[PDB]
Amino acid sequence: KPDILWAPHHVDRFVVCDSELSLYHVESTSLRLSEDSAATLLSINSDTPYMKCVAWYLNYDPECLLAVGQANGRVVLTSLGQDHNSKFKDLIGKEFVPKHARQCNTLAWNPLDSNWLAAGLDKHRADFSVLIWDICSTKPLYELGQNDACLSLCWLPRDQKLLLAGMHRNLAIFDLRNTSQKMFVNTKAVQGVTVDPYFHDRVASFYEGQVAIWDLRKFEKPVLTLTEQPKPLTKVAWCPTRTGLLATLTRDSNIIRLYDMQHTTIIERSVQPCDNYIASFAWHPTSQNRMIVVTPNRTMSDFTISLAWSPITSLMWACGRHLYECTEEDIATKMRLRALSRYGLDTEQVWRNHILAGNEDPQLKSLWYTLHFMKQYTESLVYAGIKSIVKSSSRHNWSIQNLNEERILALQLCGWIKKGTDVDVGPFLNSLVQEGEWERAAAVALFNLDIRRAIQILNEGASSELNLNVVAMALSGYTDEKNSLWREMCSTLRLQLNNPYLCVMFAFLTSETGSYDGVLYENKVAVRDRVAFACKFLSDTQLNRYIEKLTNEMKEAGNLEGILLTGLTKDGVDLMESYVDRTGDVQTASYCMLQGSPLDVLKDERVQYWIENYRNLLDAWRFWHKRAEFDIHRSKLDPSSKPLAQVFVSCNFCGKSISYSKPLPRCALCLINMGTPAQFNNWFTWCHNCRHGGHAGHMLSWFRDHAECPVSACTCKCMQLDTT
Amino acid sequence: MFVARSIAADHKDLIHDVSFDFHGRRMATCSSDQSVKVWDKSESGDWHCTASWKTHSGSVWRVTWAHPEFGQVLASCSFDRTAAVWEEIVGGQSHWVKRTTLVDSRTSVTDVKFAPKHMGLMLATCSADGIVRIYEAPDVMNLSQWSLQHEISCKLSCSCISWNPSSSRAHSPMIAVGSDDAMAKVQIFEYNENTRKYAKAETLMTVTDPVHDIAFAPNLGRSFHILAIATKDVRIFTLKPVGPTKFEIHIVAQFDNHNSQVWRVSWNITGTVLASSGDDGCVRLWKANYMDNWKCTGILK
Ligand SMILES: [Zn+2]
Ligand SMILES: [Zn+2]
Ligand SMILES: [Zn+2]
Ligand SMILES: [Zn+2]
Numbered sequence: 005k006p007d008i009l010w011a012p013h014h015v016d017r018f019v020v021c022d023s024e025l026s027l028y029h030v031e032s033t042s043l044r045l046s047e048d049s050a051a052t053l054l055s056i057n058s059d060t061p062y063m064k065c066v067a068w069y070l071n072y073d074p075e076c077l078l079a080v081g082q083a084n085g086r087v088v089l090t091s092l093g094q095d096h097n098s099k100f101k102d103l104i105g106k107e108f109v110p111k112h113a114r115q116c117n118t119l120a121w122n123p124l125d126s127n128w129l130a131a132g133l134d135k136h137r138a139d140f141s142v143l144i145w146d147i148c149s175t176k177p178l179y180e181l182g183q184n185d186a187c188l189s190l191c192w193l194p195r196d197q198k199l200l201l202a203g204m205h206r207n208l209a210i211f212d213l214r215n216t217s218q219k220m221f222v223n224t225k226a227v228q229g230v231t232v233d234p235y236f237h238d239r240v241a242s243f244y245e246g247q248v249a250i251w252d253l254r255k256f257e258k259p260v261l262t263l264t265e266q267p268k269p270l271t272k273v274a275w276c277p278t279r280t281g282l283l284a285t286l287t288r289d290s291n292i293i294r295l296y297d298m299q300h301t312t313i314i315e316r317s318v319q320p321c322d323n324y325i326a327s328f329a330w331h332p333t334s335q336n337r338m339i340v341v342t343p344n345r346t347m348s349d350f351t356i357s358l359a360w361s362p363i364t365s366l367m368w369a370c371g372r373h374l375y376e377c378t379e380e389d390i391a392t393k394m395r396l397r398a399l400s401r402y403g404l405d406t407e408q409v410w411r412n413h414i415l416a417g418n419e420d421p422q423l424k425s426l427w428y429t430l431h432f433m434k435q436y437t438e450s451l452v453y454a455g456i457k458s459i460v461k462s469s470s471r472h473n474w475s483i484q485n486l487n488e489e490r491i492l493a494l495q496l497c498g499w500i501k502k503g504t505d506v507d508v509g510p511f512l513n514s515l516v517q518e519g520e521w522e523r524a525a526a527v528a529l530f531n532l533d534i535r536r537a538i539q540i541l542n543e544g545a546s547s548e552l553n554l555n556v557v558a559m560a561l562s563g564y565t566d567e568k569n570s571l572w573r574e575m576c577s578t579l580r581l582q583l584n585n586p587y588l589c590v591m592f593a594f595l596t597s598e599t600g601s602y603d604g605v606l607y608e609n610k611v612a613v614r615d616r617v618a619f620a621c622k623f624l625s626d627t628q629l630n631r632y633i634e635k636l637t638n639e640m641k642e643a644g645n646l647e648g649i650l651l652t653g654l655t656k657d658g659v660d661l662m663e664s665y666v667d668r669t670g671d672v673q674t675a676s677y678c679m680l681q682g683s684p685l686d687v688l689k690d691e692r693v694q695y696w697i698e699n700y701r702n703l704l705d706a707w708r709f710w711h712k713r714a715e716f717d718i719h720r721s722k723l724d725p726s727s728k729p730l731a732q733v734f735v736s737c738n739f740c741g742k743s744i745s746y747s780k781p782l783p784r785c786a787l788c789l790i791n792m793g794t795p818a819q820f821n822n823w824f825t826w827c828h829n830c831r832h833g834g835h836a837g838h839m840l841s842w843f844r845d846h847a848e849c850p851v852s853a854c855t856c857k858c859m860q861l862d863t864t
Numbered sequence: 001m002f003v004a005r006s007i008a009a010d011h012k013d014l015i016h017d018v019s020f021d022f023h024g025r026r027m028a029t030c031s032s033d034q035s036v037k038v039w040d041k042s043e044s045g046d047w048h049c050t051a052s053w054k055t056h057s058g059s060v061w062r063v064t065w066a067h068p069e070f071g072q073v074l075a076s077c078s079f080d081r082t083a084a085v086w087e088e089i090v091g099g100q101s102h103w104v105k106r107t108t109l110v111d112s113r114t115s116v117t118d119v120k121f122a123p124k125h126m127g128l129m130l131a132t133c134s135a136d137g138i139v140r141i142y143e144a145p146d147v148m149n150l151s152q153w154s155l156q157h158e159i160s161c162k163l164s165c166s167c168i169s170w171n172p173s174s175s176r177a178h179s180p181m182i183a184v185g186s187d188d193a194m195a196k197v198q199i200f201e202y203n204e205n206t207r208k209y210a211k212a213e214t215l216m217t218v219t220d221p222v223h224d225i226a227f228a229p230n231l232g233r234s235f236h237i238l239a240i241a242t243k244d245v246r247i248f249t250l251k252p253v262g263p264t265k266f267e268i269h270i271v272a273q274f275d276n277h278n279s280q281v282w283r284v285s286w287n288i289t290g291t292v293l294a295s296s297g298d299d300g301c302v303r304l305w306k307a308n309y310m311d312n313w314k315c316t317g318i319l320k
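Sequence lines, in order, name chains B and F.
Taking the entry's author numbering, I'd label the letters of the first sequence as residues 5 to 33, 42 to 149, 175 to 301, 312 to 351, 356 to 380, 389 to 438, 450 to 462, 469 to 475, 483 to 548, 552 to 747, 780 to 795, 818 to 864.
Taking the entry's author numbering, I'd label the letters of the second sequence as residues 1 to 91, 99 to 188, 193 to 253, 262 to 320.
Keep in mind that the hints are not guaranteed to be accurate.
[What the hints assert, rightly or not] No more than 20 angstroms apart at the CA atoms, straight line, and that leaves these computed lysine to any residue pairs for SDA-like:
hint: 1; chain 1: B; residue 1: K656; chain 2: F; residue 2: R233
hint: 2; chain 1: F; residue 1: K306; chain 2: B; residue 2: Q628
hint: 3; chain 1: F; residue 1: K124; chain 2: F; residue 2: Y209
hint: 4; chain 1: B; residue 1: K268; chain 2: B; residue 2: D289
hint: 5; chain 1: B; residue 1: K461; chain 2: B; residue 2: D289
hint: 6; chain 1: B; residue 1: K728; chain 2: B; residue 2: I718
hint: 7; chain 1: F; residue 1: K320; chain 2: B; residue 2: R372
hint: 8; chain 1: F; residue 1: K12; chain 2: B; residue 2: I718
hint: 9; chain 1: F; residue 1: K162; chain 2: F; residue 2: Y209
hint: 10; chain 1: F; residue 1: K306; chain 2: B; residue 2: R395
[Stated by the list, open to error] Just a few of them, taken from the derived set where beta-carbon distance is under 8 angstroms, the chain F residues facing chain B:
hint: 11; residue: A4
hint: 12; residue: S6
hint: 13; residue: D10
hint: 14; residue: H48
hint: 15; residue: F79
hint: 16; residue: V147
hint: 17; residue: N149
hint: 18; residue: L150
hint: 19; residue: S151
hint: 20; residue: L155
hint: 21; residue: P263
hint: 22; residue: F266
hint: 23; residue: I270
hint: 24; residue: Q273
hint: 25; residue: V302
hint: 26; residue: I318
Calculated from the structure, these hints are not laboratory results.
Every residue, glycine too, gets a C-beta built ideally from N, C-alpha and C.
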């Protein structure tokens, strides 16, 4: 049974036992034990072929000495290091043999003194198998085990004259003080003997697939029994650097069970150091919780926190005796920042809210945009949406009032048409011209059917900032022939365009009569522009179907733009829930639901729950003076959000003939009835616990100076109780 | 997008558990030395400890705090088959003095935690024998009185528990407990309003490996439910509600980057990111992508 051992004085020394012993020294990074570790062999020796037992010295001088006990019973003490000045050169290679032939299973060393040699061999004919020699610095130290087989033994660490004697089917408490004094207890587990170093009186055993541990003071029955294993155990050992930790290795087992015995249930942990079952592993006595396992392919495998969150988007971490903090190099942080700019508090200029959002987001920029037109439209059916409003040329004659009144209002809401019946896009035209989005203006004029005006616009744009001129040269080809080479070619070739407005315009110019199917199903263009084109071009049934399908798609997706067509309604509520699911931003949604919702809409359970969630979040952020701002807006917009009366002065004896408008207050520090003619300094405080009160300034000064209930013969701190 | 900054905190023994607070002014740390210490981050941010007490003869099993809405309350779990609730008393150094005890269960407590703050004072504990019991204090003003409202028999060794995290009126009572005793480990139990009894809803049949931690991320009033389970592999699953009410089940994600069992599952205040630390000595924090795709956006060592 090969096993891996380490030097008792050096931690960088690693050994693998076989028919040819290999000694290696660990160096930082030859065998690569780990990714950053390399082990270089010190020497190779095979002085003990077909060996059965081995041990190690109990003294630094000499070092690099390990037992070589072959099956013949001979005990050979060989040292592998560069021996030049050994403390006991006489013992180097000392040939010790037993009188009767036998095979030694396990060899252990006495810790307190190294001048003795104790080992157990096979059962003798009729004689004592357990004969221990004296190492010192031709006769043995002590012998026992008459006609008995000792599977294993070891000298106890607490007492130099203490060791364990195990019979064939029993364990005998052998005392070196008096060999005639021994106590034997019958047991089946006489193998895998392991003992905790911290718990010197605790012993353990490994017996095939069953492991039993018994206490020395109660060595009559096993204290507990380990789980039965199918594979036989390969090695049982106790980790010395970890309290209440034991390691059990099974033959042909790739996962090593590690039970936690520090409870007195035992917490068993399975460790797999490699994909191949390691024959044995060695725990580090100097390093903390370090174990090196030896794979059967001459591979040395070596194997060896608290986390939390924070309300300001921080993570706290811990490890052993160390702690760590994590911070961003976030939805919550973005919401907090949006709060930090006083976003959503605008009343005079709702247009400014999108800018107040700060970040570049078209959806939010669309979101506040839609209300801004809606805000002007108010100055209630407008909040219903495009759906409710919509519920109620074979050629292109390029060169307005014919639009329906509902269509006119829809276009006005979309931002294209200003107030009044003046159907003139010159306002939006000049606004776009100053805005710089020349392509959008060109598309709009094309929708407004001003071809040469669009030509002038594109030429002026080219006068600003090349490609635009050639695009316009293509634009000059507005031909409506059904057998068209120009339309046969450019209609396909337009796909190479980068800006999608030009491609949309080319498609519209080159599309068939009426069938503007690609017009609606364009997804990379602005929503309001598409809606306006559909309203100003499509047929009534066609427009209704297009609006319905677009609304369904927007509700299914959850895009902030869709609020404009959906409006503030139950469908608006569903869209808000969809957006919350998509992102989860509350503050934006919270104000959005507060954008003039009706009483029925404000009665939505989803809306109230979302507002309450935002309120709780705003409370947790500690932004003291800001939560009241949301409360104020809630009370202003809605009269159901009114606060309760809360405090109500009516108690004690009432009384009459003495009233303000006997007495209820008295100034404990001035004894003046309250209410007499820094305004906050003239109020009167009251004590929830101290059942007292007095002038606010007087109480403030006294509590600043004095630190007790100024209420006479009282002890309850009327203010130093919350400890803010 | 997280930068790790070590905190100048030294633990004499191995950390047994950690606790925090809604305001987060102070933090509670449990050590293997059978002692409980509380460290508070100062105004400058320096975390200093001013409390030190030994809870139970055994080592600490778990520890948690309560709502800042109800004064200062701390609860602890130990392997000594007992639960202690130390309360700081300031006279001005504070003095953590136990207000009551919870040692009804003959076995060691796997974990002890409190319920949502909406419905009142209620903290429960998970027993390793598949037992969980919740005690409700009749009066807040009295801190020494606490009577068990009910009990739950998991019939399988409980490892971690997690109750209903949503304060919604429609969100009825719900409790989820994991098992580390092949079978399902996470059982969602619900206290029916009409029956006034805690009844199971469903068992997470999709998981058969032993469960280490069971937690549900911050609700923020979503339209569904999100929770995490700690086992040999980290997975993300979603619960959408339709006796017990039916629900829709779908796994949001399952990332096993740690390549080992995770000791515990953690998250963020807004539920934006859930944090998991595997047995590999690494912490994996996953963030959903803009296409509703969870991605491990944090790596720790
Ligand atoms: Zn009166
Ligand atoms: Zn008072
Ligand atoms: Zn006064
Ligand atoms: Zn007083």
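Q. Within 20 angstroms, alpha carbon to alpha carbon, are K320 (chain F) and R372 (chain B)?
A. It holds: about 15 angstroms lies between the C-alpha atoms, which stays within 20 angstroms.
Q: With chain B as the partner, please determine if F266 (chain F) meets the hint condition of a C-beta pair closer than 8 angstroms.
A: 16 angstroms, violated
**Q.** Proposed proximity, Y209 (chain F) with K124 (chain F) (alpha carbon, max 20 angstroms)
**A.** Distance of about 18 angstroms is within 20 angstroms: holds.
Q: Please work out if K306 (chain F) and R395 (chain B) have their alpha carbons no farther apart than 20 angstroms.
A: Measuring from Cα to Cα gives roughly 19 angstroms; hence the hint holds.
Q.
Under 8 angstroms is the threshold here; is the Cβ of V302 (chain F) close enough to any Cβ of chain B for the hint to stand?
A. This hint holds: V302 (chain F) lies near chain B, its Cβ roughly 6 angstroms from the closest one there, short of 8 angstroms.
Q: Assess, step by step, whether the Cα of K656 (chain B) is no farther than 20 angstroms from the Cα of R233 (chain F), and give holds or violated.
A: It holds: about 17 angstroms lies between the C-alpha atoms, which stays within 20 angstroms.
Q | Restraint satisfaction for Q273 (chain F) [CB to CB of chain B, less than 8 angstroms] | A | 20 angstroms, violated
Q. Between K162 (chain F) and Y209 (chain F), does the CA-CA distance stay at or below 20 angstroms?
A. Holds: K162 (chain F) and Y209 (chain F) sit about 15 angstroms apart, inside 20 angstroms.
Q) How about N149 (chain F): closest beta carbon in chain B under 8 angstroms, or not? A) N149 (chain F) check fails; min Cβ-Cβ to chain B is 15 angstroms, beyond 8 angstroms.
Q.
Under 8 angstroms is the threshold here; is the Cβ of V147 (chain F) close enough to any Cβ of chain B for the hint to stand?
A. 14 angstroms, violated
Q: Under 8 angstroms, Cβ to Cβ, is where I270 (chain F) needs to be relative to chain B, so tell me if that hint holds or is violated.
A: 17 angstroms, violated
**Q.** chain B contact restraint for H48 (chain F) - C-beta distance below 8 angstroms
**A.** 13 angstroms, violated
Figure legend: structure checked against the earlier numbered hints; hints not met, in rising order: 2, 5, 8, 14, 16, 17, 18, 19, 20, 21, 22, 23, 24 and 26.
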